[PDB]
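*Asks:* Residues per chain, in single letters:
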Amino acid sequence: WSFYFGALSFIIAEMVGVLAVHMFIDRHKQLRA
Amino acid sequence: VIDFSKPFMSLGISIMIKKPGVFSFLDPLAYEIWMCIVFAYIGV
Numbered sequence: 001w002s003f004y005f006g007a008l009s010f011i012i013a014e015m016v017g018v019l020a021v022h023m024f025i026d027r028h029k030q031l032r033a
Numbered sequence: 101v102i103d104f105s106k107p108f109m110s111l112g113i114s115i116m117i118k119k120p121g122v123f124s125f126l127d128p129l130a131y132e133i134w135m136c137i138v139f140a141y142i143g144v
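Line by line, the protein sequences are chains A and B. Numbering-wise (the numbering used here), the first sequence opens with residue 1 and increments by one. Numbering-wise (the numbering used here), the second sequence opens with residue 101 and increments by one.
None of these hints come from the bench; they were simulated from the model. Treat the hints with caution; some may be incorrect.
[Said to hold, decoys possible] Distance windows between CB atoms, simulated:
#	chain 1	residue 1	chain 2	residue 2	range
1	A	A13	B	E132	16 to 22 Å
2	A	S9	B	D127	26 to 32 Å
3	A	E14	B	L126	42 to 48 Å
4	A	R27	B	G143	23 to 29 Å
5	A	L8	B	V144	16 to 22 Å
6	B	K118	A	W1	24 to 30 Å
7	A	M15	B	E132	20 to 26 Å
8	B	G112	A	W1	32 to 38 Å
9	A	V16	B	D127	31 to 37 Å
10	A	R27	B	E132	21 to 27 Å
11	B	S124	A	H22	38 to 44 Å
12	B	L126	A	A20	31 to 37 Å
13	A	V21	B	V122	35 to 41 Å
14	B	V122	A	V18	18 to 24 Å
[Stated by the list, open to error] Computed list of chain B residues with no C-beta within reach of chain A, every gap over 10 Å:
#	residue
15	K106
16	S110
17	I142
All C-beta atoms, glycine included, are put in the ideal place defined by N, C-alpha and C.
Whenever a hint applies, use it, and build me the whole structure from the sequences.
*Replies:* What follows is the structure, encoded as structure tokens:
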């Protein structure tokens with residue numbers, strides 16, 4: 001179960017990175033407007 | 101010591117030995133390869 005804990009951690013880390021990149025993009029689009 | 105008739109049955113010494121999955125198309129590659137392919141797809 002700890003191997004799959006690491007795998008799930010990888011998946012969640014990638015999703016959270018995608019969310020952070022969207023927040024950065026949204027901040028700069030709000031700055032642009 | 102006794103009289104045998106002609107053979108009523110012929111025989112010899114012989115050898116006796118003991119006599120696809122649904123998702124078997126995945127068999128050429130190991131399970132870890134498929135899992136890491138999914139992970140690499142997500143990362144890419």
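*Asks:* Against which earlier hints does the structure fall short, listed by number upward?
*Replies:* 3, 6, 8, 10, 14 and 17
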